[PDB]
Amino acid sequence: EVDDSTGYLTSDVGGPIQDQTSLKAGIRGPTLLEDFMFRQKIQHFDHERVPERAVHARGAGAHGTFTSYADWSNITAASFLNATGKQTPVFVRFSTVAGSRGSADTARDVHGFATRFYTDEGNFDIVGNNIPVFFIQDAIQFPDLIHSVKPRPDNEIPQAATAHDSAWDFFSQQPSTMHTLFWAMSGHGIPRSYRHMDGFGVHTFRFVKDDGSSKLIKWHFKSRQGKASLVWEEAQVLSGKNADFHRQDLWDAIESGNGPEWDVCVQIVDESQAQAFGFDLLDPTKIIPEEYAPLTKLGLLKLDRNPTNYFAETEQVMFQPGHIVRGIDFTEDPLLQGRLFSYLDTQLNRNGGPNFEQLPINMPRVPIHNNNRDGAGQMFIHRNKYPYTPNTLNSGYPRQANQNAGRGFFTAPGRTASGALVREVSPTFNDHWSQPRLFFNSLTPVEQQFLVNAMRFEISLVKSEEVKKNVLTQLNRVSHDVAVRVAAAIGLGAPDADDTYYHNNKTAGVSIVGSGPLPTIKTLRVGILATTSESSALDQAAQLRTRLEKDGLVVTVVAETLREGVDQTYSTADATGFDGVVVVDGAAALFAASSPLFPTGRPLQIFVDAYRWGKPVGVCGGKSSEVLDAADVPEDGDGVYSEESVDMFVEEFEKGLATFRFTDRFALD
Amino acid sequence: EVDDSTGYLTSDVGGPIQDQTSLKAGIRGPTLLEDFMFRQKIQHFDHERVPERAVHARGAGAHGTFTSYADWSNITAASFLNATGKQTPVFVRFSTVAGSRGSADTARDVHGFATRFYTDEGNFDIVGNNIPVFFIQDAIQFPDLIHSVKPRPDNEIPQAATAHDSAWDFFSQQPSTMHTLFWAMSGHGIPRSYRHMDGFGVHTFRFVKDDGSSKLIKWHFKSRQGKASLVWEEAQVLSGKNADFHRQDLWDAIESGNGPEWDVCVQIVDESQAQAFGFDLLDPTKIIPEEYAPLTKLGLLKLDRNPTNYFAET
Amino acid sequence: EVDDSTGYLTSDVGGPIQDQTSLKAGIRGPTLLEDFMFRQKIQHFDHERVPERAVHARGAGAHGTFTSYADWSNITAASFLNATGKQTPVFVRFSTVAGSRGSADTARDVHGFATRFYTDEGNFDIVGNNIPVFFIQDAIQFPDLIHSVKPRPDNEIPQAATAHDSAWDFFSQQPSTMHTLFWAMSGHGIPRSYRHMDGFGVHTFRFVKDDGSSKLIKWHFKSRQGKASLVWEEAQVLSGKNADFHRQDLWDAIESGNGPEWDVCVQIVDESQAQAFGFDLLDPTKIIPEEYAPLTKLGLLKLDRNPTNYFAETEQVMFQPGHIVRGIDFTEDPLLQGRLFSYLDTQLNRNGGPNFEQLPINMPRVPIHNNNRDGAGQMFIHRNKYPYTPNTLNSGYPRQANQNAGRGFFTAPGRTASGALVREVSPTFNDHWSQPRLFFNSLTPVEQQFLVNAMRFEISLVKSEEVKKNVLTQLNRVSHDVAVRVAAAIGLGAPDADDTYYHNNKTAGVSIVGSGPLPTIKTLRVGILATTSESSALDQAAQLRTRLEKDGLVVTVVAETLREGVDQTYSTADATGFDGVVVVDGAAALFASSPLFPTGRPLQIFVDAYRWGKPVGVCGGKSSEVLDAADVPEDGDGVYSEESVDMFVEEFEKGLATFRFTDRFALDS
Ligand code: HDD
Ligand code: HDD
Ligand code: HDD
Ligand SMILES: *[C@@H]1O[C@H](CO)[C@@H](O[C@@H]2O[C@H](CO)[C@@H](O)[C@H](O)[C@H]2NC(C)=O)[C@H](O)[C@H]1NC(C)=O
Ligand SMILES: *[C@@H]1O[C@H](CO)[C@@H](O[C@@H]2O[C@H](CO)[C@@H](O)[C@H](O)[C@H]2NC(C)=O)[C@H](O)[C@H]1NC(C)=O
Ligand SMILES: *[C@@H]1O[C@H](CO)[C@@H](O[C@@H]2O[C@H](CO)[C@@H](O)[C@H](O)[C@H]2NC(C)=O)[C@H](O)[C@H]1NC(C)=O
Ligand SMILES: *[C@@H]1O[C@H](CO)[C@@H](O[C@@H]2O[C@H](CO)[C@@H](O)[C@H](O)[C@H]2NC(C)=O)[C@H](O)[C@H]1NC(C)=O
Ligand SMILES: *[C@@H]1O[C@H](CO)[C@@H](O[C@@H]2O[C@H](CO)[C@@H](O)[C@H](O)[C@H]2NC(C)=O)[C@H](O)[C@H]1NC(C)=O
Ligand SMILES: *[C@@H]1O[C@H](CO)[C@@H](O[C@@H]2O[C@H](CO)[C@@H](O)[C@H](O)[C@H]2NC(C)=O)[C@H](O)[C@H]1NC(C)=O
Ligand SMILES: *[C@@H]1O[C@H](CO)[C@@H](O[C@@H]2O[C@H](CO)[C@@H](O)[C@H](O)[C@H]2NC(C)=O)[C@H](O)[C@H]1NC(C)=O
Ligand SMILES: *[C@@H]1O[C@H](CO)[C@@H](O[C@@H]2O[C@H](CO)[C@@H](O)[C@H](O)[C@H]2NC(C)=O)[C@H](O)[C@H]1NC(C)=O
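Residue numbers (the entry's author numbering), protein chains in the order written: chain A, 27 to 618, 621 to 697; chain C, 27 to 340; chain D, 27 to 618, 622 to 698.
Everything labelled a hint here was simulated from the structure, so no lab data went into it.
Every residue, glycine too, gets a C-beta built ideally from N, C-alpha and C.
Don't take every hint at face value.
Now the in silico label distances, taken between C-beta atoms and shown as ranges [as the list claims (entries may be wrong)]:
hint, chain 1, residue 1, chain 2, residue 2, range
1, A, 32, D, 372, 19 to 25 Å
2, C, 60, D, 551, 52 to 58 Å
3, A, 487, D, 179, 41 to 47 Å
4, D, 551, A, 386, 44 to 50 Å
5, A, 486, C, 257, 41 to 47 Å
To give an idea of the chain A side of the interface with chain D (calculated C-beta under 8 Å), a few residues [as the list claims (entries may be wrong)]:
hint, residue
6, 36
7, 169
8, 173
9, 415
10, 422
11, 426
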């Protein structure tokens, strides 16, 4: 860490200098080439930027700790997992997928959840998503998916969005994507925060024990903050009012001592069970339903420290599934296999040189011993002058590590191969439609509506008639109902039911709106709409504040202008900034009326928006009975709150915050 | 231009190949290092990105032409300006300033208006803004302005916005910025489209005649579509509903045969007049009011062709 | 520093691994993409190389220290010079100019001598040559000089040599080069070692005192090992027998506790004296003769520590004249001015990124305080989150440093400008011929012959008749005699004398052969030619060894095969490996064939040594007679014949100090 709280300005080589005026030939003359102060400064600036990540360019990171719950030697040799209470430092970056690095957090997308464990046996990375399955079955297709999903290559439109022709052209021609597509079209595509979503490794990996035996595994990071998501119409507005919403959220949660937590869990099954669930476990388009393999909680992951320099830490972190430790191994998942190549090659693009593992954030916490040398940006001075193997001149050091010596990584010895070298897809990968259906069946009826609606939204922006038809064809193969309802919005006939993959099987834990109330309401944001006219209004506010802040909520009092007790103005305020909204009684005048200090109708607009997006809304005070009829909000409606007793208003409101979304306000087909 | 409307897939060295399945050691086996089809394709993908521009990362471009209205030998030796009706191909890119790639077009910012004339005497670039004056008086200060205006370096917040402490800390400590600040806080901060804004060179330049004599000049690109701007509360929503608004707009105007146009104009004054208007003409925080030096229309700039590949061109 | 003397092989992120066999699908099967051990290792290897330096690609470096002799506050504000006995660590790299990084050390070239002082006020670099003047008067011409001097762009021939058409086309068309060209054609073009050459800053710089006043200066680094140089015919062989000669020499000198030393000196003159010596001091093609400004010894520079990793230290060191400290300033030397731009720009090519000053070898020894951020390979984590000026949010830190605060660098306030902006050469720069003549006049008659011979050698390799004529024209303007003698070798008539610049002025200190005996003979190499037949031969050798090694010499006993007391075989031996050669009496048989060395080798070594002007001798009884067989005159200067071992050494050591016996070389008539 470099401290600049005191001192005089120096060059990068420590010579004291100034940097405010160019060196000129006369007070009104031209600048001199010999002005090294100028050039060193501007050269640095000119070279500040590096290529953004090819995918997941938009994201944010934090420091934390992983703690093991036990000694898991019975399932894996992995050292970070070998003792009860063992603590490994971590760094996690969350991201969206398609958007470039300045795009909105709240676009609809799959989300990245990438975790580095800095273990005492090397760095170990789990590079996953908030959605447990992926669009494609072979890594070689990654550029096809990503090309089609990103902006059109002629005009680079649209940013951060699947709502254009090429994406759906791809989805409709590559049916493997149905499952992920359904996930992304649910609320999983627009989470309320990084803290309110899960992490998944997607691929099946292997646990390996010192005796060389292996089980097949799936990683799950389950959120202790619960599952929550935005509604589309709210996410759209948020993207404009606050492109930084998710990163501000994570930053804030950590600053206020509310670090988010996840249970790091696995599903464990036998090698013999590769095909025992009606699909191939090497297929990254499928989940093992919880019904057939329960989750084991391995340890606790907690984020509790924000970075100091975003660029140096978040932007430079370079994850790799290649960063593997003794106790884990890969599987023949053709998606996972290709990823191994990609993540090593891409960092050359991003770092511009081969020594990217030497950046502080990428360094391990244990010693390095190997014969890698040179390369641009070499930061080490190697003492071993015989960097070859086998040598006698350095006494045959460094020694080879393997199964039986030095705790070397080793491939699971059970793994075998047979047959021809082929560029052919396994027939066991061919069912693209069952699991999407399983997923859809497991959602509440409103969740289903929202999913249909997301699809209606996007498909209607697809210009090509032929592409829309092919979309309906694939959708129909998952559910005729879904096809029909989607087709209705784009004025086409859904094709005739095809029931080859229809079924009524459900699975638990994939639903957001059906996962019951949030386990905690700490850090949720409450907006209090007040005024500077009535002296009573601000007093009501101040009292709600004390009571709400006591329960860990984040309170904003809104008024026409700033002063003591007021956090922000109606001008800068918006419903998307709040999880619930409270109007204090004394502000009734404002909801019934114009001001040069905010746009017309703003105070009411905030409230009405909050209600229409399914949020806990309420009026607190005497004339509360009547402020609602003016606002056109039903007094008896679920999650609408009307009370005089401050203590009983809070108590009622806090129940609404836990329910989080009031689903009765949304029309069904 | 490379055509791919017919043919079989080839490597970059023209060997016909496939790219849909990895080469595996058995139908349910691991992928082979020797699969050159895979590695050449993924290597390309892994390396697609280049660093975004340090400022003006968010922007869009179009092809057009410039036509001279006269032989301007009386004021400059500049060849693209030396004949009535002389056509020079152009390429223009418009942009915002602070936002990264992917930030919304309708953030509040200064805007870039950058023109290349591919003249018969070399490429000539006028790299300007939609606002005729700039925040600072010395280029050595550029990183201070830009650091303060871009997101906070600890958390990269906020994107594409001067609405935070550091920006105003800078503006309040570096008063030279008041003029541009005022412009950016007007509707000039949030134009209705690229077509409904002007271009300015900002700095004073010199016209030079073959005899060696020089006048001082200021470039103005006056919009023939007129000036229009959004309202804030509208701009905010638009940033969410359509981050691509300005680029969609320009693309569409061109597709539909309504290419935007600008009169390329200059103010011309004498070397002796450097300090005759109550400020120094070397000061890029100042305009010469039209009341003291009228504009001369030099020619017409028109954009009428969209690019074929955004990356390769824009 | 990274220690690898013990431990198990790890990846760059510390995971223990092996690196000797690829992961294969079956014992006789193809290699797997998932083999991360393989790819990380090979990626590193594939990326080990960086671009070589655009010029001075072939060089070598060492660590040392500089000691000040006094408090020089009376002439400069420069802190590393502000106290008697003040020590500053240094790093120096010496080089040739034209050759690529694998070319021989002993090509004929100008030589680099670049010094970094890691001062307590910032890094300060003096980037100089072994020759005090440069070919051209404006930096903008540097690519022209270098293109013409390097290999031809069609076939890339010849390596490391001015002996081709383009070089002499340029020299003949750009007469400014005469002066340097004469130096390079002297023995200065082929120094005996880096240790036996001087360093020069070339340009006039300024010393600046805290009161703002300035003197004009010239840096001289005078060698405490004395000046010595090879002869051409010897250099050519050495290039083949040992491309690494100079670097070997420097390495060895330092390993054996004989670190080379230089007196760091300046010439100091007044601003008013800019044109007071009959040339413009801004002209880098001119010297201030010692007769008109004596040298002041400022301190001692000593090299005493070899690097640990060549690549990491020597290859990655990045010098810049822009690395200046308070107390020194630039002058309007149009060559110096351009260099300021180049050296900052070129490091982007070499390092591939803007953070090159963060490489350990380039870091300063004091803190860094500035607002430079980000860039590829950013190795710091900055704590100051308000990296702009002016700020209040970091209390206006870092503070501007200048003349009166913070010990800032500052431009000499006396410096002024006037007139028009012009791309024109000052008329004061127009005399390209006098100083070369001054130089030539100041060499011993043999030194003159050698220079003529070097010119005869090269010009005869110039294919083009027209270019040869234009060369003669330029040479003639310096000296008719030189033109005449050179013309004689290429069969052309020298043009008629032109005396505009002829004169007989001499200057001291520019001659090598006339600089008297060496002040030390420590580290010089002596070859003893012996045999394994006569038991007496090896006993003679062993006794010479003890005696010679006692005086700091490096001794090699040569025989047909190796054994105790024998350092190398006749097979691997050559005259170029020795500064003097001794045949022991008992080996006479060998000098009058064997499958253990090429025919005639033992005599070839001796005869070569004699013909190249080296101290040669036979030690023993029948010494009288071994010489007549060898055809070496017994009475000849630097030929030694004695029976008394103690007397032989004593005589021989005088010859080693004389170093070269110039009476063996024919002169013109
Ligand atoms: C064959 C190419 C390829 C394939 C099939 C995948 N990825 Fe990937 N991914 C990349 C190629 C890539 C990449 C181009 O190599 C990136 C971009 C920058 C980087 O570090 O690696 C990347 C980045 C990246 C990041 C950003 C990490 C960060 O924050 O820096 C996450 C979270 C993921 N990926 C997650 C996945 C998941 C869950 C996948 C499905 C199993 C997946 N990727 C398939
Ligand atoms: C000392 C540095 C510096 C200063 C004082 C300025 N600029 Fe700049 N500008 C840059 C350094 C820079 C740059 C970092 O060099 C950029 C970024 C990428 C590039 O190609 O140049 C750039 C980009 C850039 C672009 C984008 C062109 C494109 O779309 O590719 C425009 C229109 C401008 N600038 C215009 C200006 C104007 C009108 C200025 C005030 C009169 C100005 N810049 C001051
Ligand atoms: C503007 C072009 C230019 C001009 C006129 C010069 N140089 Fe230079 N020099 C460079 C541009 C350059 C360079 C291309 O930037 C190098 C190559 C590698 C590097 O870092 O700087 C360099 C390398 C270089 C090195 C090697 C440093 C090392 O060992 O790493 C020395 C010793 C010199 N130069 C010395 C000089 C002297 C004594 C000159 C005459 C006064 C001179 N150069 C003129
Ligand atoms: C592997 O080891 C852990 C050791 O704790 C086992 O987990 C425990 O299982 C018992 C019942 O068998 C529970 O009462 C404990 O609470 C569990 N502890 C934890 C931390 O979960 C685990 O069952 C073993 N698994 C296998 C397959 O052998
Ligand atoms: C858990 O893993 C750690 C790290 O690998 C083990 O501790 C290291 O063991 C090696 C060799 O056995 C020692 O030479 C190191 O000094 C150890 N490090 C420390 C901090 O003790 C540890 O033994 C493992 N524990 C279990 C129960 O298997
Ligand atoms: C719907 O659910 C049933 C019951 O869970 C599934 O039937 C099981 O499938 C597995 C895997 O092939 C068999 O080995 C089990 O023994 C079956 N159990 C029972 C009770 O029938 C069925 O596969 C599911 N159908 C779909 C389309 O997912
Ligand atoms: C430079 O020459 C142009 C070229 O004609 C002059 O512009 C013309 O001015 C007259 C009236 O003064 C008009 O009839 C023409 O139509 C003008 N043409 C254009 C394109 O403006 C111009 O006035 C001259 N300017 C100077 C300063 O000498
Ligand atoms: C306007 O500029 C063009 C381009 O410089 C001029 O035409 C050139 O004139 C030169 C020298 O007289 C010819 O050798 C070139 O071949 C011409 N180039 C081309 C592309 O045609 C023209 O003379 C200029 N017109 C005026 C009025 O000054
Ligand atoms: C600057 O100060 C130094 C410090 O002593 C002077 O160096 C001495 O000069 C006197 C002659 O004037 C000699 O007797 C000493 O032997 C010198 N010592 C050294 C180490 O050089 C130096 O002369 C002064 N120079 C000027 C220009 O005032
Ligand atoms: C010689 O060298 C250093 C130049 O920095 C001086 O020591 C510094 O002196 C100032 C006092 O003015 C302090 O603020 C610095 O912190 C000191 N630095 C170090 C590294 O010791 C010293 O003053 C100079 N001596 C002379 C005689 O000028
Ligand atoms: C040869 O040496 C003489 C003697 O110093 C030089 O003539 C002097 O030059 C200096 C500097 O220009 C003048 O101040 C004197 O007036 C001259 N002195 C005498 C005594 O004549 C001459 O410049 C030298 N010539 C060359 C070509 O180097």
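A quick look at each hint next to the structure:
Roughly 34 Å separates the CB atoms of residue 32 of chain A and residue 372 of chain D, a value that falls outside the hinted 19 to 25 Å. The supplied range of 52 to 58 Å is met by residue 60 of chain C and residue 551 of chain D, whose beta-carbon atoms lie about 53 Å from each other. The hint said 41 to 47 Å for the Cβ distance between residue 487 of chain A and residue 179 of chain D, and at roughly 56 Å that hint is violated. The supplied range of 44 to 50 Å is met by residue 551 of chain D and residue 386 of chain A, whose beta-carbon atoms lie about 48 Å from each other.
At about 28 Å, the CB distance of residue 486 of chain A to residue 257 of chain C disagrees with the hint of 41 to 47 Å. The beta carbon of residue 36 of chain A comes within 5 Å of a beta carbon in chain D, closer than 8 Å, and the hint placing it at the interface holds. The interface hint given for residue 169 of chain A is violated, since its Cβ lies 17 Å from the closest Cβ of chain D, which is over the 8 Å cut-off. Against a cut-off of 8 Å between C-beta atoms, the interface hint on residue 173 of chain A is violated, since the closest Cβ of chain D lies about 22 Å away.
This hint holds: residue 415 of chain A has a C-beta 6 Å from the nearest C-beta of chain D, less than the 8 Å allowed. For residue 422 of chain A, the shortest C-beta to C-beta distance to chain D is roughly 11 Å, which exceeds 8 Å, and the interface hint is violated. With 8 Å as the threshold, the beta carbon of residue 426 of chain A comes within range of chain D, its nearest partner Cβ sitting at about 4 Å, so the hint holds.
Of the numbered hints given earlier, the model fails hints 1, 3, 5, 7, 8 and 10; all others are met.
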